Structures are given as C-alpha cells and as structure tokens.
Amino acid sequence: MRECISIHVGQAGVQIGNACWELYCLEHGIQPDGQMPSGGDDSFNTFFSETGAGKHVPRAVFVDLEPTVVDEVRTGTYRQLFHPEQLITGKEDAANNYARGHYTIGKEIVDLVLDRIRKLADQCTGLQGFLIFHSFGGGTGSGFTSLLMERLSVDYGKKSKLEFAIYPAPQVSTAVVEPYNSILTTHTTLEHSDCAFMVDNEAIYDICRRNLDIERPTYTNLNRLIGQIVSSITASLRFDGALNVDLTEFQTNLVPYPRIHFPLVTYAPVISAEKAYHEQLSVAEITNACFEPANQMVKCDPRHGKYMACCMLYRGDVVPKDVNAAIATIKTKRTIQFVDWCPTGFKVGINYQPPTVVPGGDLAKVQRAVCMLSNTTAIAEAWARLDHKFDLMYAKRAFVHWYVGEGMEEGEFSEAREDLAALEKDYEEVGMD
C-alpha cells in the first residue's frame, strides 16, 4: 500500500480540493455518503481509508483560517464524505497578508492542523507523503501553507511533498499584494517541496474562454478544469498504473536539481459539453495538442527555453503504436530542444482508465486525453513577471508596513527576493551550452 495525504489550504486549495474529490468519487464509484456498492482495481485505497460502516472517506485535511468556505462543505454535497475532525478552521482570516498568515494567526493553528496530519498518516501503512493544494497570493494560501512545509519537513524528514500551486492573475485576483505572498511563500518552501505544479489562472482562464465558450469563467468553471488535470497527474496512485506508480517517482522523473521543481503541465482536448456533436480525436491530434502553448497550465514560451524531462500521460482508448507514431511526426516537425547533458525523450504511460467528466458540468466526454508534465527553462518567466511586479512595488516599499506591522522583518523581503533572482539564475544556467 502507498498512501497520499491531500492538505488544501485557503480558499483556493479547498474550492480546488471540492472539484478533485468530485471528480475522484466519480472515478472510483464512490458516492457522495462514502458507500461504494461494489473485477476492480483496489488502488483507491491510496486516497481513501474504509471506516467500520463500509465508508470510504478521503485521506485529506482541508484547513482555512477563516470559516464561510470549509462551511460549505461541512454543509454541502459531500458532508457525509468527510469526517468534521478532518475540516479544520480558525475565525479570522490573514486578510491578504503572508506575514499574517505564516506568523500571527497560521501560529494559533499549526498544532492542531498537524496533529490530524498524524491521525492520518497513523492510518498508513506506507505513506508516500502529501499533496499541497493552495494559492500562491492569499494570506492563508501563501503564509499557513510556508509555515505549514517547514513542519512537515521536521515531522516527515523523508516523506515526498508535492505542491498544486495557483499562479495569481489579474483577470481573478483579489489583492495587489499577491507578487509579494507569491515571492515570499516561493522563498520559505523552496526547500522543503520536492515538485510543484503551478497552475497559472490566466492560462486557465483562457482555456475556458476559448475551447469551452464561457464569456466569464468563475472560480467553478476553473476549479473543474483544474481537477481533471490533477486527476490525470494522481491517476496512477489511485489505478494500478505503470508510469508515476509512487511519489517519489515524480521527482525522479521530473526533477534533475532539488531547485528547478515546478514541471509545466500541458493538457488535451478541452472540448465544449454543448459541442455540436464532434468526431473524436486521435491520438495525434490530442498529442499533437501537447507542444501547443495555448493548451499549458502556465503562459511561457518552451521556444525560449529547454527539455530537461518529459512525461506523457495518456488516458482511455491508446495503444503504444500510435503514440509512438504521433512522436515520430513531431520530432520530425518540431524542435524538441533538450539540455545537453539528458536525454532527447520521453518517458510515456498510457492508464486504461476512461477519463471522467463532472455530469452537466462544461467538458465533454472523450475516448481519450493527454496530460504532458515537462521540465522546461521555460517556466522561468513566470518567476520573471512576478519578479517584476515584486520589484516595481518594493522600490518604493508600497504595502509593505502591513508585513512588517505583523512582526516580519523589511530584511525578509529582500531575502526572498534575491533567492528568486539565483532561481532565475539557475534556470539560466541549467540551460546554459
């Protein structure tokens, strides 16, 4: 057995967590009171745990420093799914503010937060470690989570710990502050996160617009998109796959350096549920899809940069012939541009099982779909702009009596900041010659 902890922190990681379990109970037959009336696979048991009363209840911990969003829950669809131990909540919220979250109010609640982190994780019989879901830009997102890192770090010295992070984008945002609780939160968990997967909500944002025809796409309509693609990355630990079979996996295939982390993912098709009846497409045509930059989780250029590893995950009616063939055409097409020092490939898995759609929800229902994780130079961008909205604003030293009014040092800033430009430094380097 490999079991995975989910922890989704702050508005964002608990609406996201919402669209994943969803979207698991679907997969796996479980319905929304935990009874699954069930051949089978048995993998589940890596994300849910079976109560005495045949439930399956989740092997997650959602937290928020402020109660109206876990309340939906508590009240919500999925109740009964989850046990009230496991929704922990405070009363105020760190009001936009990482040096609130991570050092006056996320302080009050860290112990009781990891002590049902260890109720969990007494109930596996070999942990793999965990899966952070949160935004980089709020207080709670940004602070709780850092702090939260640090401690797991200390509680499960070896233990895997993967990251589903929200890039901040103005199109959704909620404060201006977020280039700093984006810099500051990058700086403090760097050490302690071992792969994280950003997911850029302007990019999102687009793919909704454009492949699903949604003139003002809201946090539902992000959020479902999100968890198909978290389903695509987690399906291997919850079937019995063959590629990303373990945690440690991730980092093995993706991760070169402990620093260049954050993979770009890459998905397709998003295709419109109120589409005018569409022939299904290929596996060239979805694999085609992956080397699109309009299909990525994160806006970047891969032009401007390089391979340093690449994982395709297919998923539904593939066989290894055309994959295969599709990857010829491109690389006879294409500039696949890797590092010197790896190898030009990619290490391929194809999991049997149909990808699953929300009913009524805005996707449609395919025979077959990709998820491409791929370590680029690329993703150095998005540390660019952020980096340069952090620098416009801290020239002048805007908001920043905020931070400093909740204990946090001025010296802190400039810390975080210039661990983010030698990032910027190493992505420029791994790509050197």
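By rigid core we mean the largest C-alpha set that fits within 1.5 Å across both forms. Residue numbers count along the first chain shown, from 1. What changes on going to the form deposited in another entry:
Once the two forms are fitted on their rigid core, between these two forms the CA displacement reaches 2 Å or more only for 334 among 151, 334, 91, 209.
Once you line up the core between these two forms, the Cα of residue 271 stays within less than 2 Å of where it was. Put the two forms on the same core and the Cα of residue 188 is off by less than 2 Å between these two forms.
Here residue 351 does not count as shifted, since its C-alpha moves by less than 2 Å between these two forms after the core is aligned.
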Contents of the next structure:
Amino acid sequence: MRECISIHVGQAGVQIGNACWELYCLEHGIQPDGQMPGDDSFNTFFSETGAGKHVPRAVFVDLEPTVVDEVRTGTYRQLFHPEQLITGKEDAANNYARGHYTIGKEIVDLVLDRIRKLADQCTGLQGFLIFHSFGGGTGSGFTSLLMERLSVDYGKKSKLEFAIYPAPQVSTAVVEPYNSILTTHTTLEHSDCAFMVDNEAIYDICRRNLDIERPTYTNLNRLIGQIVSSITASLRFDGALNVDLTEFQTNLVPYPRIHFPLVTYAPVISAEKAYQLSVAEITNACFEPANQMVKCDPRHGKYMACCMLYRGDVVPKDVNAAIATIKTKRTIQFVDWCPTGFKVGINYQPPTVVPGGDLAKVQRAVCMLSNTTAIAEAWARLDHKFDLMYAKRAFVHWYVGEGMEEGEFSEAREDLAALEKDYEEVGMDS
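Here we have the form deposited in one PDB entry; I need the corresponding form deposited in another entry.
All you get below is the one chain by itself.
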C-alpha cells in the first residue's frame, strides 16, 4: 500500500537518514530492534517480516565505508538488514566526476539491485525520496548517476529529493559550487520535486533559536530530521487531511523545471526556557525569513503555491482563520496567474523529539512548503561562485582528469542560467 522508498546518498544523506529513521521509530513505537508492542500507515515506510519485525524501506549508500559503518555497528544495527547498507572502498574525493563516473560506476548496479528488491516488495509504490548533499563527490555525482538509472528502470515514477545546499560555515570543499551546478544540470529532467536545505539557515536557527554556540552535524541533522518527518507525516500517518507524493508535486510544481519549494518550519524552541504557541502564531512564523530552511527574501519574489503541513493539537477551523489573515497580507505577494495557492494537511500526532535532544516538546507545529520565485536567489549565489572559479578554469583539471569534458561545465552553467531566467519569466505579470 502506497509505499515510499528512501535512498540516502553520501555522508550528508546517510547522517540525515540516521536522524530521520531514529525519529520515525520513536513516532511509531518501533524499538531499535525493529519490534513494536491502530493507524498502520507507517507500512508506507516500513515493511514487515514473518517474525513481526518492521524494516525501513530504505537503502543507505556511500562510496567510503566509514559513515555507514556507524549504522552497521550503532543502536539501530538490527533495524536494517545488512544488504540495504551499501558501501565501496574509496570515496569520490569531493569530485562529481568520481561519483558519477570513475568510482560510482563500480557500485551503481549493486545499489539498483537492492532498490529493485525493495520495489518488488511494494504493491503500490508512490516513488523515491533521495537524500544527499549538493557539495560532496558522492552526494553530487553518485546521486546524478542514480537518478538517471532510476529514470531508465522506473520511467516517470515520482522521484523527490532532500538536498543539502552548501554553506561555508560547515563546507568541506572549495569545489562545492561546481559539484552543485553539475548535479543540478544532470538531475533537473529526472527529478520531480527537490526540497533544498541550506546548511547556513539551519546553522543560524541552531545558534539563534536553540542557543547553540557552535552547532555540529548532530545538532543540524536532528533539526533536519524534524522537517523531513513533518513532510513525511502525511504519508506515514492518517490525519484530518492527508497529502501524498502526487499531491505534493501537483500543488507545488507549475512547470517541470520549477520544482524547488522553500521549506519553513515552526516552532523551534530550546529544550531549556520552560515557556504554548497558537495555530495563528506558528502560521505567521512560516512567512518570517528567520524560520526558512534556505536563505532568500520572499518579499523580493512571488508565491506560486503554498502547502501547509500541520501536526499535533490543530483544528481545521483554527487553520482556516490563520490562512485567511495570511491572504490579506499585501507583503505576501502571489503571481497573477494563480487564483488559489493553499494546500492544507493536518495530522493529529504532535512533533516528537529525540530524548536528550536540543528541541523542546511542543503541542503543535507546522511545515510550510512554498514555491516562491525568491528561491532563485540561492541559485544566483551558487552560480556566481561557479563563474568566479570557472573564468580561470580553477580546479577543472580534477574533473577533466576523470574523463569529463569542459563542454559539460558550459552546458550545466547554461542550464542554470536558463533556470534563473525561468524564475524571472514565471514571476512576471500576464
């Protein structure tokens, strides 16, 4: 029934997967060994064995074994069967060309075989959720290669991403703007919807809202897990209003290339303090830049679609009143070709927090997914960094040495230039 297969690629994808699957287990009452002492919608994300064991419909892939080895030997080592934790020997060395060609081609058939075995256990596969960074050699190059192979084996079956946008505060490589442009170009026609998460935005939310001086990946990933869990709560639970993979796509994507919704989340409260926000308060917080997962200014753009995903002690009457006050906000502008841009989903299950984490337990929370032309600001920042380096052909020899041609860089950059123009044209009045 309505299954979703999760694919976690590279260090970022795998570490965010650790946080997401830990949280899903807590939300569904699944112990680290796969046992659970009725809703039953969690079956979209967990298969079941004859012994009553619940297993994630997920594959964890990395070209180096170190990060996945922590899963294999950690608290949740019995949750996943060994065959769904796939690793090679040598990583992509922050190089898209090694992820896509040199190193990735050695492990791609094995990964596809494991996804085929997970798909064979689905009676109504909705599609794939792919978690990865834009910056790493595996997250960029192996994801692009995998997306292309998934289009060959599954055609148009839905493929949605959770992609980590690079930030210098926690950046691992100088060439991340190259890895991001190449992966966006290759992946554009194969992806149906991509939820970008800017590491600088999550870093600043951790410092500001949670009082964490120097946030680590553990702090960032637990907050990301909370957002991912909110986006997938409508699929893993059956609440007052549900939204599946298909409904996300239909309401958020007006044109195939315009598939990058802005994610906003509220409330983010520190475990300390000891001080509940109303539906109107958390709804108003969704249109404040400080709560966005991507740094950009929605006032410099126009909304084409807004999807509200509520969870916890939330009643439809209180949501409609909150959206009605949002509709009367002159500073929140919609494109003239959009008569109505609001898709609401409500789940009864309050946001669960990891015991000993940084987040406080709240009675109600909301995740807004909005298609705003303001997200083109993130592409512009990335494209500018690409141009500064590419004008000198700096670091290009690393990609060329792996069989890549300079023409692929020009094509990928020209494709992102067309994407920037597409956001400009789509935001224009009729």
